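Here you get one chain, nothing else, as C-alpha coordinates; it is the form deposited without ligand 8RV.
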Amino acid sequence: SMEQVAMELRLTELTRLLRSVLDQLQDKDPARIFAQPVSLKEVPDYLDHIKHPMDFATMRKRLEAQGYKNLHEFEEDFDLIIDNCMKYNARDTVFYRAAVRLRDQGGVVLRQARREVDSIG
(Lines of atoms letter the chains of each structure in order from A and count residues from 1; the text may use other names and numbers.)
(Lines give C-alpha, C1' and ligand atoms only; values in the text may rest on other atoms or scores of the structure.)
(Ligands and ions follow the chains in the order given, each with its own letter.)
Protein backbone atom coordinates (compact mmCIF):
# COMPACT_ATOMS: atom_id res chain seq x y z
CA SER A 1 0.00 0.00 0.00
CA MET A 2 0.92 3.62 -0.40
CA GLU A 3 0.18 4.15 3.39
CA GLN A 4 2.82 1.39 4.22
CA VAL A 5 5.36 3.20 2.03
CA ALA A 6 4.65 6.55 3.74
CA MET A 7 5.14 4.91 7.17
CA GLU A 8 8.37 3.35 5.88
CA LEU A 9 9.62 6.72 4.67
CA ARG A 10 8.89 8.27 8.18
CA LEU A 11 10.83 5.32 9.78
CA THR A 12 13.69 5.96 7.40
CA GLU A 13 13.78 9.64 8.20
CA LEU A 14 13.63 8.90 11.99
CA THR A 15 16.57 6.51 11.40
CA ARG A 16 18.47 9.35 9.73
CA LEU A 17 17.89 11.71 12.62
CA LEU A 18 18.75 8.94 15.25
CA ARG A 19 22.00 8.22 13.38
CA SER A 20 23.06 11.85 13.75
CA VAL A 21 21.93 11.78 17.44
CA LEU A 22 23.96 8.60 17.99
CA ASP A 23 27.05 10.21 16.50
CA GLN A 24 26.75 13.23 18.64
CA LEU A 25 26.29 11.12 21.84
CA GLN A 26 29.19 8.91 21.02
CA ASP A 27 31.45 11.98 20.60
CA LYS A 28 30.76 12.62 24.26
CA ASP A 29 32.66 9.37 25.02
CA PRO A 30 36.09 10.12 23.64
CA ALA A 31 37.67 7.41 25.80
CA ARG A 32 35.50 4.81 23.93
CA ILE A 33 34.42 3.31 27.26
CA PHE A 34 30.90 2.59 25.90
CA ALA A 35 31.83 1.72 22.31
CA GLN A 36 31.56 -2.07 22.57
CA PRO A 37 29.80 -4.74 24.70
CA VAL A 38 31.33 -5.57 28.01
CA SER A 39 33.40 -8.75 27.29
CA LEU A 40 32.11 -11.83 29.15
CA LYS A 41 35.57 -13.37 28.67
CA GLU A 42 37.06 -10.43 30.61
CA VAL A 43 34.12 -9.88 33.11
CA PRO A 44 32.70 -13.43 33.39
CA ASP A 45 30.24 -12.54 36.19
CA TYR A 46 28.79 -9.52 34.32
CA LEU A 47 25.37 -11.03 33.55
CA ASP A 48 24.91 -11.89 37.22
CA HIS A 49 24.95 -8.10 37.83
CA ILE A 50 23.53 -6.57 34.66
CA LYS A 51 20.46 -8.11 33.08
CA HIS A 52 20.23 -6.05 29.90
CA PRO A 53 23.77 -5.04 28.69
CA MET A 54 23.99 -2.25 26.15
CA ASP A 55 26.73 -0.37 24.26
CA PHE A 56 27.02 1.94 21.25
CA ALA A 57 27.86 -0.82 18.73
CA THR A 58 24.83 -2.82 19.65
CA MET A 59 22.65 0.38 19.32
CA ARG A 60 24.19 1.02 15.91
CA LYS A 61 23.25 -2.53 14.73
CA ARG A 62 19.64 -2.00 15.84
CA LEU A 63 19.56 1.46 14.25
CA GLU A 64 20.76 0.22 10.86
CA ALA A 65 18.09 -2.47 10.79
CA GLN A 66 15.58 0.41 11.45
CA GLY A 67 14.84 -1.22 14.75
CA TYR A 68 13.98 1.97 16.69
CA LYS A 69 10.25 2.88 16.04
CA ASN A 70 10.40 6.09 18.09
CA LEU A 71 12.88 8.24 20.09
CA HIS A 72 11.66 6.73 23.40
CA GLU A 73 13.06 3.30 22.33
CA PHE A 74 16.43 4.79 21.40
CA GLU A 75 16.64 6.73 24.67
CA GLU A 76 15.84 3.54 26.62
CA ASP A 77 18.95 1.90 25.15
CA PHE A 78 21.12 5.02 25.79
CA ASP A 79 19.96 5.10 29.38
CA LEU A 80 20.89 1.38 29.77
CA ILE A 81 24.44 2.18 28.75
CA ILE A 82 24.72 4.79 31.50
CA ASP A 83 22.68 3.05 34.13
CA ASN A 84 24.40 -0.34 33.78
CA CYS A 85 27.79 1.32 34.22
CA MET A 86 26.71 3.30 37.27
CA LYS A 87 25.52 0.12 38.97
CA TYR A 88 28.46 -2.19 38.09
CA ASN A 89 31.23 0.33 38.78
CA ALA A 90 31.84 2.30 41.93
CA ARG A 91 31.63 6.11 42.20
CA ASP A 92 35.39 6.57 42.39
CA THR A 93 36.10 4.85 39.05
CA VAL A 94 36.93 6.22 35.66
CA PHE A 95 34.04 4.14 34.24
CA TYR A 96 31.37 5.58 36.54
CA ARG A 97 32.67 9.09 36.04
CA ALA A 98 32.64 8.64 32.24
CA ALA A 99 28.99 7.60 32.45
CA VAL A 100 28.06 10.68 34.47
CA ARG A 101 29.73 12.96 31.96
CA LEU A 102 28.04 11.15 29.04
CA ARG A 103 24.63 11.44 30.69
CA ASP A 104 25.14 15.17 31.39
CA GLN A 105 26.39 16.00 27.95
CA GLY A 106 23.97 13.73 26.10
CA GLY A 107 20.97 15.41 27.88
CA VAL A 108 21.55 18.54 25.83
CA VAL A 109 21.54 16.59 22.54
CA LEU A 110 18.49 14.55 23.47
CA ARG A 111 16.57 17.63 24.52
CA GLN A 112 16.77 19.09 20.99
CA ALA A 113 16.27 15.69 19.31
CA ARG A 114 12.91 15.43 21.04
CA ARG A 115 11.89 18.88 19.75
CA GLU A 116 12.98 17.81 16.16
CA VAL A 117 11.12 14.49 16.27
CA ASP A 118 7.89 16.29 17.41
CA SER A 119 8.49 19.29 15.08
CA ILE A 120 9.11 17.28 11.80
CA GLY A 121 6.62 14.62 13.09
Given for the second form:
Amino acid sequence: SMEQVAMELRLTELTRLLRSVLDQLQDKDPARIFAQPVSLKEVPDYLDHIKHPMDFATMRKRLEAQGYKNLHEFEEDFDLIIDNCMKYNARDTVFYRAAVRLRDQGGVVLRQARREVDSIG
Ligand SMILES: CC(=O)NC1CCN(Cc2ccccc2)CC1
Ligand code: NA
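Can you return the structure of this protein in the form solved in complex with ligand 8RV rather than the form deposited without ligand 8RV?
Once more the chain from above appears, this time first in line as the rest of the complex follows.
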Protein backbone atom coordinates (compact mmCIF):
# COMPACT_ATOMS: atom_id res chain seq x y z
CA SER A 1 0.00 0.00 0.00
CA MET A 2 1.00 3.68 -0.08
CA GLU A 3 0.60 3.70 3.67
CA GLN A 4 3.20 0.90 4.08
CA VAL A 5 5.61 2.64 1.71
CA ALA A 6 5.40 5.92 3.62
CA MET A 7 5.89 4.01 6.89
CA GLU A 8 9.05 2.50 5.44
CA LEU A 9 10.31 5.84 4.17
CA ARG A 10 10.19 7.18 7.76
CA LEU A 11 11.87 4.02 9.06
CA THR A 12 14.62 4.45 6.47
CA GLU A 13 15.21 8.07 7.40
CA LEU A 14 15.15 7.14 11.08
CA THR A 15 17.83 4.56 10.24
CA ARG A 16 19.88 7.20 8.43
CA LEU A 17 19.63 9.42 11.48
CA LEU A 18 20.65 6.62 13.84
CA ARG A 19 23.66 5.60 11.76
CA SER A 20 24.96 9.14 12.20
CA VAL A 21 24.22 9.13 15.94
CA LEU A 22 25.99 5.77 16.29
CA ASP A 23 29.13 7.13 14.63
CA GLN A 24 29.26 10.16 16.87
CA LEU A 25 28.91 7.66 19.72
CA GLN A 26 31.79 5.40 18.65
CA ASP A 27 33.96 8.47 18.01
CA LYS A 28 33.66 9.08 21.74
CA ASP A 29 35.17 5.60 22.32
CA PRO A 30 38.68 5.99 20.85
CA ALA A 31 40.03 3.07 22.91
CA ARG A 32 37.34 0.90 21.29
CA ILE A 33 36.51 -0.75 24.62
CA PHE A 34 32.90 -1.21 23.41
CA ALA A 35 33.47 -1.87 19.69
CA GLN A 36 32.81 -5.60 19.91
CA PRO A 37 31.03 -8.13 22.13
CA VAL A 38 32.99 -9.24 25.19
CA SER A 39 34.90 -12.42 24.25
CA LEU A 40 33.54 -15.53 25.95
CA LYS A 41 36.90 -17.11 25.19
CA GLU A 42 38.75 -14.52 27.30
CA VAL A 43 35.98 -14.01 29.89
CA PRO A 44 34.17 -17.35 29.99
CA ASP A 45 31.94 -16.55 32.96
CA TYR A 46 30.77 -13.19 31.58
CA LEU A 47 27.18 -14.35 31.11
CA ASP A 48 27.03 -15.38 34.74
CA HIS A 49 27.54 -11.67 35.47
CA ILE A 50 25.78 -9.86 32.64
CA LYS A 51 22.33 -11.01 31.49
CA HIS A 52 22.04 -8.79 28.39
CA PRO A 53 25.38 -8.04 26.68
CA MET A 54 25.53 -5.17 24.21
CA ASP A 55 28.17 -3.45 22.07
CA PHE A 56 28.45 -1.12 19.04
CA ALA A 57 29.00 -3.94 16.52
CA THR A 58 25.77 -5.60 17.62
CA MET A 59 23.84 -2.31 17.62
CA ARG A 60 25.14 -1.64 14.11
CA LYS A 61 23.87 -5.02 12.88
CA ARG A 62 20.40 -4.35 14.26
CA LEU A 63 20.52 -0.84 12.77
CA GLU A 64 21.32 -2.02 9.26
CA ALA A 65 18.49 -4.52 9.43
CA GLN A 66 16.37 -1.49 10.43
CA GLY A 67 15.55 -3.19 13.73
CA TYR A 68 15.36 0.09 15.56
CA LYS A 69 11.76 1.33 15.20
CA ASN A 70 12.29 4.42 17.39
CA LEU A 71 14.96 6.26 19.41
CA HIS A 72 13.90 4.78 22.74
CA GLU A 73 14.95 1.33 21.54
CA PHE A 74 18.34 2.61 20.33
CA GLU A 75 19.01 4.45 23.59
CA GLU A 76 18.04 1.29 25.52
CA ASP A 77 20.88 -0.61 23.86
CA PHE A 78 23.34 2.23 24.28
CA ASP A 79 22.59 2.38 27.99
CA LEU A 80 23.07 -1.42 28.11
CA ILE A 81 26.63 -0.91 26.90
CA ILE A 82 27.32 1.65 29.64
CA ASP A 83 25.40 -0.02 32.48
CA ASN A 84 26.88 -3.45 31.82
CA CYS A 85 30.38 -2.02 32.00
CA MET A 86 29.91 -0.01 35.16
CA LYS A 87 28.56 -3.21 36.75
CA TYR A 88 31.07 -5.78 35.60
CA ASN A 89 34.12 -3.53 36.09
CA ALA A 90 35.13 -1.82 39.37
CA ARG A 91 35.14 1.95 39.94
CA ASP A 92 38.88 2.57 39.70
CA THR A 93 39.42 0.69 36.41
CA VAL A 94 40.18 2.08 32.96
CA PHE A 95 37.07 0.26 31.65
CA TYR A 96 34.62 1.79 34.13
CA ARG A 97 36.07 5.26 33.57
CA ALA A 98 35.79 4.88 29.80
CA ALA A 99 32.08 4.16 30.28
CA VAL A 100 31.51 7.19 32.51
CA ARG A 101 33.12 9.33 29.81
CA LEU A 102 31.08 7.74 27.01
CA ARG A 103 27.93 8.26 29.11
CA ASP A 104 28.70 11.97 29.56
CA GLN A 105 29.92 12.76 26.02
CA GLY A 106 27.17 10.57 24.57
CA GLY A 107 24.37 12.28 26.48
CA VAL A 108 24.99 15.49 24.56
CA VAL A 109 24.60 13.75 21.22
CA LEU A 110 21.39 12.05 22.41
CA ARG A 111 19.97 15.30 23.81
CA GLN A 112 19.88 16.82 20.29
CA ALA A 113 19.11 13.59 18.43
CA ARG A 114 15.91 13.33 20.50
CA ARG A 115 14.88 16.76 19.26
CA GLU A 116 15.64 15.95 15.60
CA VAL A 117 13.54 12.79 15.83
CA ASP A 118 10.50 14.60 17.22
CA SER A 119 10.56 17.46 14.72
CA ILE A 120 11.46 15.42 11.63
CA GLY A 121 8.78 12.99 12.82
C1 LIG B 1 33.00 -3.70 27.93
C2 LIG B 1 33.60 -4.54 29.02
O3 LIG B 1 32.95 -4.81 30.02
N4 LIG B 1 34.84 -5.02 28.90
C5 LIG B 1 35.31 -6.05 29.82
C6 LIG B 1 35.91 -7.19 29.01
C7 LIG B 1 36.87 -7.97 29.91
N8 LIG B 1 38.05 -7.14 30.13
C9 LIG B 1 38.87 -7.68 31.22
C10 LIG B 1 39.61 -8.91 30.76
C11 LIG B 1 40.43 -8.86 29.64
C12 LIG B 1 41.11 -9.99 29.23
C13 LIG B 1 40.99 -11.17 29.93
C14 LIG B 1 40.19 -11.24 31.04
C15 LIG B 1 39.51 -10.11 31.46
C16 LIG B 1 37.72 -5.72 30.29
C17 LIG B 1 36.32 -5.53 30.85
NA1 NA C 1 30.69 -3.82 40.11
